[PDB]
Amino acid sequence: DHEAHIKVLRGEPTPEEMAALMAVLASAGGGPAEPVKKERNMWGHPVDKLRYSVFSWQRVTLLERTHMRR
Amino acid sequence: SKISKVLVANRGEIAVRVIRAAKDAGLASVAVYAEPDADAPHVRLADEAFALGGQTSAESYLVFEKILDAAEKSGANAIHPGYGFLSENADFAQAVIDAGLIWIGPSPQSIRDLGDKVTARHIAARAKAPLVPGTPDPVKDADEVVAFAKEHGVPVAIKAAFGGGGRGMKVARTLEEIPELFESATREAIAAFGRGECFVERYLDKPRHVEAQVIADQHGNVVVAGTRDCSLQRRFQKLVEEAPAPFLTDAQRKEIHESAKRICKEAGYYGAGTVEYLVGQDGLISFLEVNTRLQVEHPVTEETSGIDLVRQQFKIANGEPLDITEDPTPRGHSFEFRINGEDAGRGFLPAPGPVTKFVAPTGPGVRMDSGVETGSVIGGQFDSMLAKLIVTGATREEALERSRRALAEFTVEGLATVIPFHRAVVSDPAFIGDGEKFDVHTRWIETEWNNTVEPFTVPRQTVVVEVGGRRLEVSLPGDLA
Amino acid sequence: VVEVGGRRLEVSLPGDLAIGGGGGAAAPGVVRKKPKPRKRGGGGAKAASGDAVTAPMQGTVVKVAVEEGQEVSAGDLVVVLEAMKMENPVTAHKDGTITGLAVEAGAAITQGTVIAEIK
Amino acid sequence: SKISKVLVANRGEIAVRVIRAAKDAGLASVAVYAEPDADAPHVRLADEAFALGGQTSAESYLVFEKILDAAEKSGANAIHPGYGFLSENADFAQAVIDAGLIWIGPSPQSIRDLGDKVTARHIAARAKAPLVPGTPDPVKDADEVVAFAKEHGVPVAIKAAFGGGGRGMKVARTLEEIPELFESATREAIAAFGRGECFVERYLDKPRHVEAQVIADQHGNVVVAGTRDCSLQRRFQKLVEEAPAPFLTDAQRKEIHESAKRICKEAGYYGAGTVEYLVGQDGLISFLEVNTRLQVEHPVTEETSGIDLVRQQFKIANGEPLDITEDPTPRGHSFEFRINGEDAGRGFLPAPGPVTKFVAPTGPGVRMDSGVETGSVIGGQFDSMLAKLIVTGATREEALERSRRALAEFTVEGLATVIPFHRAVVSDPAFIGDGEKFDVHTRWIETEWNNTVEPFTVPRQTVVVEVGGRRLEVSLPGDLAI
Ligand SMILES: Nc1ncnc2c1ncn2[C@@H]1O[C@H](COP(=O)(O)OP(=O)(O)OP(=O)(O)O)[C@@H](O)[C@H]1O
Ligand SMILES: Nc1ncnc2c1ncn2[C@@H]1O[C@H](COP(=O)(O)OP(=O)(O)OP(=O)(O)O)[C@@H](O)[C@H]1O
Ligand SMILES: [Mg+2]
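Protein chains in written order, with the entry's author numbering: chain P, 25 to 94; chain T, 7 to 463, 474 to 497; chain Q, 480 to 598; chain R, 7 to 463, 474 to 498.
Calculated directly from the structure, the hints in this document are not laboratory data.
Where chain P lies over chain Q, by a calculated footprint (3+ residues, C-beta under 8 Å):
(1) 480-492
(2) 495-504
Below, a sample of chain P positions facing chain T; criterion: calculated Cβ distance under 10 Å:
(3) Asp25
(4) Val32
(5) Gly35
(6) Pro37
(7) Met46
(8) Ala52
Positions of the beta carbon are idealized from the N, C-alpha and C atoms, including for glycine.
Could you put the whole structure together from the sequences, leaning on the hints where they help?
Next comes the structure, spelled out in structure tokens:
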């Protein structure tokens with residue numbers, strides 16, 4: 025067991041106060057956890073709009089890396 | 007040493023019934039539920055409810071530690087086991103007494119002594135109860151069955167000494183069948199009950215199942231609250247019951263009422279319980295078994311004799327002497343119909359499904375003890391019963407007329423039920439006797455009723481919270497955000 | 480601080496809590512594991528493989544028990560460090576020759592300072 | 007029944023003091039706080055704390071329903087009112103008793119009798135207590151006030167029969183001003199105290215304020231735990247107190263010690279209270295008041311007599327007989343200094359602000375009863391007292407020496423305080439004795455001290481939830497990230 029739990033550091037609520045608290049906190053939860061449906065779409069990415077010198081090293085370290093990083 | 011809060015260690019109809027009894031007595035009530043029951047009527051009806059977790063009886067209601075944990079957490083000072091489950095578990099009764107709770111039931115030793123059908127036979131014999139010819143002790147091998155069947159004549163019943171639920175019997179009608187039947191009896195007695203002890207009795211061909219409701223004091227007073235007939239049985243389990251038992255001579259009634267008192271007193275019994283008997287086709291009464299708990303069909307006795315049997319259980323467990331001091335006079339007649347989720351058109355096979363509509367009958371003479379309501383789901387994890395319909399009248403004829411009304415009103419939709427069977431049988435001349443006898447018997451439904459019923463057509477989230485270093489588990493809908 | 484029915488509660492909420500159907504966490508591919516203590520590993524590779532004797536704590540060298548070129552055996556006393564006015568013996572971890580004794584009695588010394596080499 | 011959990015219906019210094027007493031007694035403590043006090047030390051110190059809501063005392067600490075509701079929700083079986091607020095509201099004491107709680111205080115009837123100055127004067131007279139010349143009855147008109155002034159001679163005090171904070175007294179020195187002062191006093195007493203009833207008493211010229219600490223038993227035992235002097239007053243409210251009261255003859259001490267017992271027995275009083283007196287410049291004692299609550303200044307008596315007075319209050323409310331059988335002998339001398347947020351260079355005017363630094367003195371002979379710490383914020387909603395510094399020594403002079411030390415160490419920054427006043431007065435020959443007397447008196451600060459102090463230089477979110485049989489507000493920070 026290595027999840028970080030909610031801790032009541034001070035105070036001792038009754039079961040009904042604990043239930044009210046946890047229901048409120050869960051309603052205040054951040055919604056869906058993360059946007060797992062996010063999809064890669066590199067069309068018109070800003071790095072493709074830059075002018076690069078034909079001998080520019082940023083062709084390797086900026087342009088190519090941005091296209092290839094996954 | 008008085009009940010103040012009862013944990014109803016059961017579910018469904020009997021849980022509702024006992025919660026209601028507790029509220030009438032002004033006691034606090036605690037329900038317990040398995041996860042499939044988390045919205046059952048008894049959970050919402052009780053003053054408190056505790057989750058057991060688990061999806062099946064073996065994971066929940068049968069776990070001694072879980073029931074006693076719920077008792078400790080709720081602060082219940084008494085446990086009522088209802089019927090089935092742990093109600094006849096003498097080790098659970100002991101565990102409750104050791105936990106210092108009031109066990110609302112008979113003593114553990116009475117439970118053991120009567121749950122062994124051999125010791126029960128010895129008790130009955132000592133009590134001079136009428137007895138079927140049978141082997142005094144378990145038969146050692148098939149040849150003792152051969153000897154018994156030769157001496158008494160076939161048919162013979164071979165029974166598990168610890169059997170129950172109607173499974174425990176195998177019938178042999180010829181001496182050549184005795185062997186393999188005895189082997190199968192031992193085999194499944196071991197498999198189902200953990201013990202091979204098996205004994206032999208005369209099988210009765212068309213017996214009528216008759217039982218006496220007993221109220222028994224811790225101070226040794228005993229009262230017979232009434233008699234029931236339960237001979238409409240689909241396998242070896244009851245479907246229709248009635249009180250008082252009809253068409254018995256006064257000699258038979260007196261023999262039943264006196265044998266029940268004697269046998270309970272020999273057993274040292276206290277609490278509610280029933281002495282079951284079989285009435286032979288020749289009219290001879292013969293002892294069958296003491297049932298060491300509230301009966302399912304107690305309501306027909308409560309309606310014909312004005313006694314609240316669950317409140318009598320509370321008084322007895324409180325140790326009060328009985329206020330009833332003589333057998334009450336049966337005032338009317340009553341029927342009970344078990345509304346099982348079973349398809350009578352399909353061999354009475356259980357049929358799980360949704361209760362999409364449940365409209366109980368009401369009005370004169372009708373009592374409904376329901377465990378379900380519209381929107382319930384009958385899963386296969388538990389007994390198929392939905393409700394008990396109890397119909398009372400001034401005479402058996404009037405109670406039949408009222409049953410023909412009430413069963414016609416009764417509407418249940420979304421799963422198969424035995425209601426079409428109840429409707430037929432309440433109209434069947436075999437059950438509407440000639441006024442001095444009737445033709446039903448313990449195998450009438452399966453062998454002789456003209457069956458004409460058409461066959462029926474996000475998870476919880478657990479959050480651990482730490483509170484001053486205590487672990488606490490909070491369960492949430494899982495979709496609150 | 481939360482009040483429930485007036486009760487003052489102090490509640491500690493994790494930064495990755497996900498209750499009630501979700502919560503933001505670990506989005507860039509974060510991993511969590513038991514952090515290693517800030518000490519030398521001391522595992523199957525053991526620091527006694529080194530020839531240097533190093534001061535186990537900050538203190539003062541109140542006694543030097545060896546001299547340059549002395550042969551010593553594992554468990555021999557090398558120096559005493561007074562720290563917090565308590566004396567701590569620092570002892571040879573291996574057999575060999577005291578080869579570069581760098582401290583004198585009275586010298587203030589820091590943790591991990593090389594006291595000597597046993598070569 | 008016995009106290010088991012005490013709700014401290016107060017704030018600040020006295021709340022801390024009673025919470026500490028409860029923990030010494032082994033009792034559970036419940037604090038209550040108004041919204042300005044959500045970070046106050048007592049809220050974090052008590053075993054439980056409850057929000058009252060409301061921004062001011064009239065919205066919070068004064069609301070009977072709120073205090074009793076916090077008592078119900080906490081399951082506190084006793085209420086200690088501290089001092090001020092409701093501690094002398096007899097109707098609150100009755101409401102507590104009707105709620106079935108142990109009221110840690112005197113009986114409602116003793117409160118009601120002694121709070122009326124008229125009935126208090128009658129009780130003192132029956133007790134044969136020393137009394138100032140004054141009308142036994144309240145006065146009806148200015149004309150009998152003038153008649154009194156002609157009979158006894160000016161100066162004369164006109165006092166509201168109900169009062170507080172030193173504000174109920176107007177002093178007439180000529181005869182011609184009596185009618186106007188009588189009208190003004192009636193009008194103001196009507197506004198401030200709801201009751202225009204007033205009475206007339208001869209005015210002492212340079213009186214010394216002396217009082218006896220009483221602990222009194224439900225079984226009728228009474229003990230005088232010690233005498234105390236509080237003559238350093240401004241606006242008729244105390245600033246520096248001390249114990250034992252110095253420079254009294256044994257005759258005066260005996261008369262005070264015995265009059266206090268007689269008054270409390272005549273009143274049927276029980277609990278911890280004080281009988282306050284004036285000592286005239288001629289040395290004549292006169293009864294002034296019975297204060298029915300615990301005094302602010304109890305600590306100097308605790309230090310000199312060695313009695314824990316709050317725990318005596320718990321014992322008395324438990325109905326135990328007094329374990330002290332006789333008046334204890336003082337062992338040293340002690341001074342208390344009230345650390346008000348007031349600018350002594352600006353007329354002691356209240357000055358709210360942040361307590362950006364609070365370094366209390368420590369070491370030999372110092373006790374600190376503080377209601378604040380570094381990072382506290384002082385608003386105007388409540389009394390200006392931050393803390394009480396108590397300094398004890400084997401003699402008056404040793405306690406003065408230790409006080410000069412302690413007050414030189416005491417550093418408070420971010421708001422004005424009277425610490426520069428305490429530093430002056432502890433070095434002032436008017437307050438250092440000549441050996442057998444001193445020159446301070448209840449108007450010395452305002453009329454005779456050489457004042458040389460230079461003047462001092474998001475909303476929470478509430479959700480309403482039902483849980484079975486209760487309605488619960490859940491109050492969260494307005495920006496919870498979660
Ligand atoms: N000799 C017999 N002839 C006919 N039917 C019999 C005979 N003995 C028993 N039965 C039938 O067997 C069943 C006897 O009860 P059984 O022990 O099977 O179950 P139970 O009533 O659930 O158990 P228990 O009483 O132990 O709680 C009834 O159906 C009874 O009709
Ligand atoms: N008769 C008097 N002559 C001279 N000075 C007096 C007289 N009465 C009161 N004083 C001065 O006024 C102060 C008022 O003190 P007192 O005890 O009356 O306060 P209070 O706040 O009105 O009391 P409480 O509200 O508790 O009854 C006295 O301490 C003394 O300084
Ligand atoms: Mg006063």
